[PDB]
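A.B. asks: Residues per chain are reported as follows:
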Amino acid sequence: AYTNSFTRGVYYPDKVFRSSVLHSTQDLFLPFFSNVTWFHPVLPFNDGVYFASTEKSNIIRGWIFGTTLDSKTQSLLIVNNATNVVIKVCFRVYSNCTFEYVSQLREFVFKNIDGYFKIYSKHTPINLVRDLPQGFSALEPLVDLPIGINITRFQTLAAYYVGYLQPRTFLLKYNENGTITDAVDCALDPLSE
Amino acid sequence: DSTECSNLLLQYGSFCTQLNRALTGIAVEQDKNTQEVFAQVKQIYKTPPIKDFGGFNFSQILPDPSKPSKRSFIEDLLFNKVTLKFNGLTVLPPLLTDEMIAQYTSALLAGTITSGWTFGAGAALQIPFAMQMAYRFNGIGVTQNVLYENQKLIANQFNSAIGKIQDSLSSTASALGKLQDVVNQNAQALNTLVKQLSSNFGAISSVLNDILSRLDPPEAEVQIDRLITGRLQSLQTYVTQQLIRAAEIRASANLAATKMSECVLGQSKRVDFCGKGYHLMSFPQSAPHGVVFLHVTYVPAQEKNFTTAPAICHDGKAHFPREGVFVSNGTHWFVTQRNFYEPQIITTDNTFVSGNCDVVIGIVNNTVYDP
Amino acid sequence: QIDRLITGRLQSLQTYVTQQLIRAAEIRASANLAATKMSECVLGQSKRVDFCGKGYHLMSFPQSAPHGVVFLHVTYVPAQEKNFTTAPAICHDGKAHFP
Amino acid sequence: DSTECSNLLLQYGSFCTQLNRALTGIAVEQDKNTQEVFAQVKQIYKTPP
Amino acid sequence: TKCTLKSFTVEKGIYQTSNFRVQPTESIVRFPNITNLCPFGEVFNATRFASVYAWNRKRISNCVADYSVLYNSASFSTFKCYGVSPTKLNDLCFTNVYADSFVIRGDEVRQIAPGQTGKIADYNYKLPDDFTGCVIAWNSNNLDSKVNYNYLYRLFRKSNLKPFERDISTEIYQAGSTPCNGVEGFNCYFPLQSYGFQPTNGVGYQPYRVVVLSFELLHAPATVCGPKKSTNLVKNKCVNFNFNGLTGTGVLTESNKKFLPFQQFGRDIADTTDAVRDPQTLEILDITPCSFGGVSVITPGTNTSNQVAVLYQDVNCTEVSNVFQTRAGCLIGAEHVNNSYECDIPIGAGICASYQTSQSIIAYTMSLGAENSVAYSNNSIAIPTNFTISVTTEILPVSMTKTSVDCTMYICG
Ligand SMILES: *[C@@]1(O)O[C@H](CO)[C@]2(O[C@@]3(O[C@H](CO)[C@@]4(O[C@]5(O[C@H](CO)[C@@H](O)[C@]6(O[C@@]7(O[C@H](CO)[C@@H](O)[C@H](O)[C@@H]7O)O6)[C@@H]5O)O4)[C@H](O)[C@H]3NC(C)=O)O2)[C@H](O)[C@H]1NC(C)=O
Ligand SMILES: CC(=O)N[C@H]1[C@H](O)O[C@H](CO)[C@]2(O[C@@]3(O[C@H](CO)[C@@]4(O[C@]5(O[C@H](CO)[C@@H](O)[C@]6(O[C@@]7(O[C@H](CO)[C@@H](O)[C@H](O)[C@@H]7O)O6)[C@@H]5O)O4)[C@H](O)[C@H]3NC(C)=O)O2)[C@@H]1O
Ligand SMILES: *[C@@]1(O)O[C@H](CO)[C@]2(O[C@@]3(O[C@H](CO)[C@]4(O[C@@]5(O[C@H](CO)[C@@H](O)[C@H](O)[C@@H]5O)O4)[C@H](O)[C@H]3NC(C)=O)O2)[C@H](O)[C@H]1NC(C)=O
Ligand SMILES: CC(=O)N[C@@H]1[C@@H](O)[C@H](O[C@]2(O)O[C@H](CO)[C@]3(O[C@@]4(O[C@H](CO)[C@@H](O)[C@H](O)[C@@H]4O)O3)[C@H](O)[C@H]2NC(C)=O)[C@@H](CO)O[C@H]1O
Ligand SMILES: *[C@@]1(O)O[C@H](CO)[C@]2(O[C@@]3(O[C@H](CO)[C@@H](O)[C@H](O)[C@H]3NC(C)=O)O2)[C@H](O)[C@H]1NC(C)=O
Ligand SMILES: *[C@@]1(O)O[C@H](CO)[C@]2(O[C@@]3(O[C@H](CO)[C@@H](O)[C@H](O)[C@H]3NC(C)=O)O2)[C@H](O)[C@H]1NC(C)=O
Ligand SMILES: *[C@@]1(O)O[C@H](CO)[C@]2(O[C@@]3(O[C@H](CO)[C@@H](O)[C@H](O)[C@H]3NC(C)=O)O2)[C@H](O)[C@H]1NC(C)=O
Ligand SMILES: CC(=O)N[C@H]1[C@H](O)O[C@H](CO)[C@]2(O[C@@]3(O[C@H](CO)[C@@H](O)[C@H](O)[C@H]3NC(C)=O)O2)[C@@H]1O
Ligand SMILES: CC(=O)N[C@H]1[C@H](O)O[C@H](CO)[C@]2(O[C@@]3(O[C@H](CO)[C@@H](O)[C@H](O)[C@H]3NC(C)=O)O2)[C@@H]1O
Ligand SMILES: CC(=O)N[C@H]1[C@H](O)O[C@H](CO)[C@]2(O[C@@]3(O[C@H](CO)[C@@H](O)[C@H](O)[C@H]3NC(C)=O)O2)[C@@H]1O
Ligand SMILES: *[C@@]1(O)O[C@H](CO)[C@@H](O)[C@H](O)[C@H]1NC(C)=O
Ligand SMILES: *[C@@]1(O)O[C@H](CO)[C@@H](O)[C@H](O)[C@H]1NC(C)=O
Ligand SMILES: *[C@@]1(O)O[C@H](CO)[C@@H](O)[C@H](O)[C@H]1NC(C)=O
Ligand SMILES: CC(=O)N[C@@H]1[C@@H](O)[C@H](O)[C@@H](CO)O[C@H]1O
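Protein chains in written order, with full-length UniProt numbering: chain A, 27 to 66, 82 to 131, 157 to 161, 165 to 173, 189 to 241, 263 to 298; chain B, 745 to 828, 854 to 1140; chain C, 992 to 1090; chain D, 745 to 793; chain E, 299 to 445, 448 to 620, 640 to 676, 689 to 744.
Same shape as in the complex, but just chain A:
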């Protein structure tokens, strides 16, 4: 039950600030109008992954990342919880702890670059259900942990879109504030090219 990934799905590349300037960035992104595999389980992690979920009753919980998830090698086990979000390298679902971290439409972007896990999230006042409307938003609230393994599983525990990032350059327009108001995709179309 695929559905085109629209304009949405772009994140802030780096920490820097840019005011009213156009920039070109070369790293993993989610392609414009790329049919993501809406799930209504099992999901691979060939590369960085855009995860977008809508829950009226907030059924979905944290993501159980794992390279093997056979208890032989360390997992990542992002979970979330009313009071706090807890993530450990180590309820109903189960399967040498290295590191644990505890801290505080629903855009989510997860990627692993040179062993560093990065998370980008956004909250939107959605008004139309069962479709992600083409629009623009991004942020970088993240937690970095030096795992150094290639995650390949999601096992998210009431439907979520999932798309795969690809290494294609983008041109991002910057607002006066420094936020990314708009972007265009270089290889999407000859006009955008």
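Hints listed in this document are in silico derivations from the structure and should not be mistaken for laboratory results. Just so you know, not all the hints are guaranteed correct.
Straight-line alpha carbon distances no greater than 30 Å define the calculated DSSO-like cross-link-like pairs of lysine-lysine that follow [to be verified]:
(1) E:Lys356 <-> A:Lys129
(2) B:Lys786 <-> E:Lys310
(3) A:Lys278 <-> B:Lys947
(4) A:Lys278 <-> B:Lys1045
(5) D:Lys790 <-> B:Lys1073
(6) D:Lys776 <-> B:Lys1073
(7) D:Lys776 <-> B:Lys1045
(8) B:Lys776 <-> C:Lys1038
(9) C:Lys1073 <-> B:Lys790
(10) B:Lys1028 <-> C:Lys1045
(11) B:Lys1028 <-> C:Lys1038
(12) E:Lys537 <-> B:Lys854
(13) C:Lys1073 <-> B:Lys776
(14) E:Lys417 <-> E:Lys462
(15) B:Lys964 <-> A:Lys202
Covered by chain C, according to a simulated footprint, are these stretches of chain B (three or more residues, beta-carbon under 8 Å) [unchecked claim]:
(16) 801-809
(17) 1001-1012
Using C-beta positions, here's what the derived DEER-type ranges look like [to be verified]:
(18) D:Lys790 <-> B:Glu918: 33 to 39 Å
(19) C:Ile1018 <-> B:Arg983: 47 to 53 Å
(20) D:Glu780 <-> C:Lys1086: 31 to 37 Å
(21) E:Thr531 <-> B:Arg983: 41 to 47 Å
(22) E:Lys557 <-> D:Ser750: 35 to 41 Å
(23) B:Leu754 <-> A:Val289: 22 to 28 Å
(24) D:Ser750 <-> A:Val289: 46 to 52 Å
(25) D:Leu754 <-> E:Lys557: 29 to 35 Å
(26) C:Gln1011 <-> E:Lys557: 47 to 53 Å
Think of the CB as a built atom: it goes at the ideal place given N, C-alpha and C, for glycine as much as any other residue.
Position chains B, C, D and E with the ligands relative to chain A; hints supplied.
C.D. replies: Relative to the frame of chain A, chains B, C, D and E with the ligands by itself:
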């Protein structure tokens, strides 16, 4: 401001005194260009207090005291039309301030309005503007009475034509294409020159303090050398681009100086040099990085077909026109100036006599009235 | 070591020849202007103003210089101006006379 | 058409972009030259038969 | 200028003799609050330690280790580091840090070192030959000696321990040919003994608590780094600064631009750092390159005089006879006049300097030309009554020297 890089650069040689010398050369060349183009007036000419230039209206191109910049309305429009200190790059201010250039053009304009072309030759000798326009019509071949009989119409045409320029400048975008292109090219050159710093150039890292910090000096020397050679190459490229573009702009500035001389200061017979049509006069306006010439030209219109003859054969001799052309409306023959149809009775006074009838081909029999 | 020396000396020779090309282009512009002056101001009388001296051009003479040419422009400069009252036409017997 | 060379070339910077821009400027200037020299006539004129 | 022109006589003009950059003072460094610190306290002040045969290993991760607490302490008997400088790793990071703690006796501390042999080094705790780390030990007679802890060590083993190996098996050691049946007997011994830690023992026989920090530094991510000193900031003073690993020289000032809660430092254009937020106070600052510009002298020519007027380009000269600010920079040593003359030496921004009388260099706003208002009227004409013929000189270069460079003889020879 890195000392070890300073030494490694020092060992390359005299490249930088050479680059600085080239850049300072083009820098002073720019001032020479502006001064050569605009400073063709010996002494700044004030315009008279009351403007009664025979019905012609110069309010738009003449300076207005109310404005603080003391530049004409069209000059301010041209300034608004265009839209014009990081690491070792400095922009030196032009020797002639914009106000000084406006004053130059105001002086030239007052001189050409009041004294015609006399001020370019020497002392400024004043003629009533109507009589000067008659001089210029004689210059383009039309007799001077044509202006005086039609002075109000010519004034209205000139005023409305100047009015059209204001609409063209204010509304039509990218009117000042060449000047804006100059500004954009210079901004592009400086911007790419600054961008080259971030480039790696084959070293481990672009930022020089970092390459210094995390390697031993013997090993760091090689990476620093790669950075230096790359940056020096980029700077040399920028300098040579500037040299060539400065040559092109010098050619354009020499052309502007020649047009200022040959068209503002005097009337020119070079066809299509200043405008389309027979050239009457031209006015200079100061744009930000250049000069804008308003060319007042005379273009004939509403032509009429006529039957013509090379000479009139009367009493066994051929009469040729002194300055006109024989024209026939079907039954009568007249002598008219070529540029303006103003017929006159063929007479011995305005037609000279040479030879006899038989030799010249195409002549027509008629009577040449003798006063 | 000879590689480093070759690269440096080659870069220096290259920048020298490029600057020589640009300077030669400037000198060619100047020489074309001098030929135009020698043709329009020595071989004839020129009406285009301030091309050859300040004032109305009478004539001009060339003189050989070491790496160039020096024109002596003979021009006519009006002086000792006098004021006069003026008028475009003259009415006589009901007809306008223009000079 | 070697990717290994192209990645190394990226480090040098905007040299290729600069060269392409200079050459395309020369290219459009040539059309401008021919247009300026020959397109002096508003409307094509035919000689009488 | 005589130096940079390679002459003892320079002509009238303005020459860019050098460049002038304000030098930075009192460089500053800043790094965010050290809120999270490494648990060396729960390793060193652990109430109970561990027997040397079952030595305890503590993995240090995801923390900032202030090693100064260790070597500035005056309560250690031995602090032997191998292949690493404890005073030099407070600005260093490690891919892996291990902390091994156990208890031995005095004459056995010398065995906790690479290339050693003995009961402890062969059967309990072995360090590799290329060991990188520190061996820290101190007397623990007041804690591990009463008249109720039970510390053990291994007596025998069929082979020596590999580095960082740990054997806790309590199987009977077979010393002879006959095989034991999990029971002690002839040529069969239990492999563990207790230490006889009596408070009245000799110093070499009293217990010593030992901590062995070992480090690894591969081309891999790291999580154990030491603390970073930070100092107060300045304003409106050209300073070399370090903000969160970003080094730069400039004048820091208050900035109206607002970052977003995640953005650290900003670049206005062309990848040049123009703003930066300090990690401590969470405040944005704007960086401006502290004033720099060419210094160029104005001289009327040596033979005329030896006076010079310095011009520091585009520098508001509140800093280094009469000092006159001009729109082209600062002028030192040139009197400013009110009247105006024709331009002699181009300074810039509509200002020229010249040498005139006593005998001083004066800077003035150049005069464009004389002012006259030719008397226009609608019926007035000015007719020349005489004339002067004038010959003028126009000089034009037409050629250059035909130089020819032998490429090969110049390059190689
Ligand atoms: C035309 O428009 O301009 C020319 C300018 O060259 C004009 O010619 C000048 O006329 C002067 C008046 O006669 C001339 O000055 C005198 O020349 C005689 C020699 O012929 C000389 O002896 C003279 O000096 C004596 O008188 C003066 C004045 O009284 C006195 O101060 C002396 O101490 C001495 O006693 O000296 C005068 O110098 O002046 C000029 O020589 C003469 N210039 C030339 C090149 O010939 O010519 C025209 O007269 C003038 N035309 C018109 C119609 O205005
Ligand atoms: C376009 C036009 O009107 N052209 C006129 C010009 O305006 O005025 C000239 C002056 O008269 C006009 O020249 C005349 O041209 C005639 C045509 O050639 C000319 O007629 C002949 O000339 C012969 C030369 O002497 C003459 O022998 C000729 O007469 C014979 O032929 C005629 C027939 O053509 C017979 O009728 C006669 O009886 C006789 O047999 O005589 C003609 O006289 O005609 C006139 O002589 C020309 N006039 C003069 C003064 O030379 O030139 C011109 O056509
Ligand atoms: C930020 O980066 O961008 C925003 C949007 O472009 C920017 O917000 C606006 O800024 C205006 C001027 O600061 C604001 O005008 C004022 O608003 C006051 C109430 O908020 C009002 O009392 C004033 O009279 C005035 O009208 O105008 C806008 O309100 C404001 N928009 C909002 C808050 O939605 O926002 C903002 O300025 C800019 N950040 C900075 C630091 O400039
Ligand atoms: C000032 C003046 O009156 N000049 C006239 C001149 O206009 C006229 O020549 C034309 O003027 O030329 C056109 C060519 O476009 C010509 O017209 C033709 O008409 C036929 C049909 O009638 C079309 O099929 C052709 O394609 C062409 O358009 O028009 C014709 O020669 C003139 N047109 C007119 C008079 O309307 C010449 C004619 O000798 O006379 C000058 O005095
Ligand atoms: C010309 O014929 O008449 C002008 C007006 O009378 C003359 O210009 C004035 O001359 C007087 C005396 O030289 C000056 O004091 C005025 O400033 C000057 N300008 C005015 C009144 O606007 O102008 C002018 O000099 C005169 N020309 C000649 C050649 O005599
Ligand atoms: C840093 O770690 O520690 C500072 C020391 O207190 C802390 O600074 C305080 O910040 C609050 C925020 O408004 C001010 O109200 C206090 O006056 C100020 N106190 C001092 C002594 O500076 O500074 C700072 O907030 C804190 N930063 C972080 C990120 O923990
Ligand atoms: C200079 O040429 O012109 C100045 C014009 O401002 C002059 O400065 C003024 O001098 C008068 C008289 O002393 C004062 O009453 C004004 O306040 C003063 N104005 C300013 C802005 O300073 O300044 C100045 O005196 C004058 N100097 C000379 C040597 O002529
Ligand atoms: C209902 C509830 O609070 N559930 C858990 C919540 O979602 O997460 C925290 C994780 O921090 C959980 O509490 C932890 O429980 C373990 C087990 O006893 C303790 O070791 C932790 O200290 C404790 N953490 C906190 C922050 O309370 O609590 C909740 O059970
Ligand atoms: C003598 C004369 O009338 N000169 C006019 C000059 O040639 O053109 C300007 C510009 O239009 C003219 O000034 C404007 O005149 C109109 C009257 O029709 C006024 O309504 C305008 O306010 C006035 N100024 C402008 C800027 O338009 O001025 C002169 O009158
Ligand atoms: C075909 C035609 O009408 N031709 C005219 C020609 O082009 O001009 C002459 C001169 O004006 C014209 O002849 C004159 O016309 C005026 C018209 O107002 C009459 O008043 C004159 O009587 C008449 N004849 C003369 C002046 O001898 O002739 C032609 O009509
Ligand atoms: C503590 O237990 O260990 C510290 C070393 O990490 C030491 O510096 C400190 O003094 C100890 N605390 C005490 C003795 O109270
Ligand atoms: C020069 O300025 O000074 C010399 C004395 O040191 C003198 O001989 C020479 O003539 C002077 N030059 C000029 C042009 O006056
Ligand atoms: C000068 O540069 O700095 C002064 C204090 O910083 C200030 O008062 C003065 O106005 C400034 N002048 C200029 C020309 O910038
Ligand atoms: C068998 C295995 O993988 N053991 C790992 C070890 O290699 C790693 O160095 C350590 C880091 O904390 O974590 C252990 O679980």
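A.B. asks: Hints first: check each against the structure and report whether it holds.
C.D. replies: Verification of the hints:
A threshold of 30 Å between alpha carbons decides the hint, and for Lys356 (chain E) with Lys129 (chain A) the separation of about 18 Å falls inside it, so the pair holds. For the hint pairing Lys786 (chain B) with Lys310 (chain E), the CA-to-CA distance comes to about 24 Å; that is within 30 Å, so the pair holds. Taken as a hint, the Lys278 (chain A) and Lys947 (chain B) pair is honoured in the structure, with Cα atoms around 28 Å apart against an allowance of 30 Å. The hinted pair formed by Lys278 (chain A) and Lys1045 (chain B) fails the criterion: a straight-line CA distance of about 46 Å is larger than 30 Å.
Distance hint between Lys790 (chain D) and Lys1073 (chain B) is fulfilled; the C-alpha atoms sit about 20 Å from each other, no more than 30 Å. Pair hint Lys776 (chain D) plus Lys1073 (chain B) does not hold up; C-alpha atoms about 37 Å apart against a cutoff of 30 Å. The hinted pair formed by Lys776 (chain D) and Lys1045 (chain B) meets the criterion: a straight-line CA distance of about 19 Å does not exceed 30 Å. Using a Cα cut-off of 30 Å, the hinted pair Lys776 (chain B) and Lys1038 (chain C) holds, with the two alpha carbons roughly 26 Å apart.
This hinted pair checks out: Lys1073 (chain C) and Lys790 (chain B) have alpha carbons roughly 20 Å apart, not beyond 30 Å. Taken as a hint, the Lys1028 (chain B) and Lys1045 (chain C) pair is honoured in the structure, with Cα atoms around 15 Å apart against an allowance of 30 Å. For the proposed pair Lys1028 (chain B) and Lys1038 (chain C), the alpha carbon gap of about 14 Å is at most 30 Å, so the pair holds. With a C-alpha separation of about 17 Å, the suggested pairing of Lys537 (chain E) with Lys854 (chain B) holds against the 30 Å cut-off.
Distance hint between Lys1073 (chain C) and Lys776 (chain B) is unfulfilled; the C-alpha atoms sit about 37 Å from each other, more than 30 Å. A distance of roughly 14 Å separates the Cα atoms of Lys417 (chain E) and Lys462 (chain E); the hinted pair therefore holds under the 30 Å criterion. Between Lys964 (chain B) and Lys202 (chain A), the direct Cα distance comes to roughly 29 Å. Compliance with the 30 Å bound is thereby established for this hinted pair. Interface restraint, the segment 801-809 of chain B with chain C: violated (0 residues with C-beta to C-beta distance below 8 Å; minimum three).
As drawn, the segment 1001-1012 of chain B meets chain C at 3 residues by the rule of a beta-carbon pair under 8 Å; at three or more, the given contact holds. Distance hint check: the CB atoms of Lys790 (chain D) and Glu918 (chain B) are about 38 Å apart, consistent with the given range 33 to 39 Å. Checked against the hint of 47 to 53 Å, the pair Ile1018 (chain C) and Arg983 (chain B) passes, with Cβ atoms roughly 52 Å apart. Distance hint for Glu780 (chain D) and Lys1086 (chain C): a CB-CB separation of about 50 Å, inconsistent with the stated range 31 to 37 Å.
Between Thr531 (chain E) and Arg983 (chain B) the C-beta distance comes to about 23 Å, which lies outside the given range of 41 to 47 Å. Look at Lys557 (chain E) against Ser750 (chain D): about 37 Å separates their beta carbons, and that is inside 35 to 41 Å. Judged by the Cβ atoms, the range 22 to 28 Å given for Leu754 (chain B) and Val289 (chain A) is violated: they are separated by roughly 46 Å. For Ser750 (chain D) and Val289 (chain A), the hinted distance range of 46 to 52 Å is not satisfied, since their beta carbons lie about 24 Å from each other.
For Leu754 (chain D) and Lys557 (chain E), the hinted distance range of 29 to 35 Å is satisfied, since their beta carbons lie about 31 Å from each other. Here the CB-CB span from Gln1011 (chain C) to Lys557 (chain E) is close to 49 Å, well matched to the stated 47 to 53 Å.
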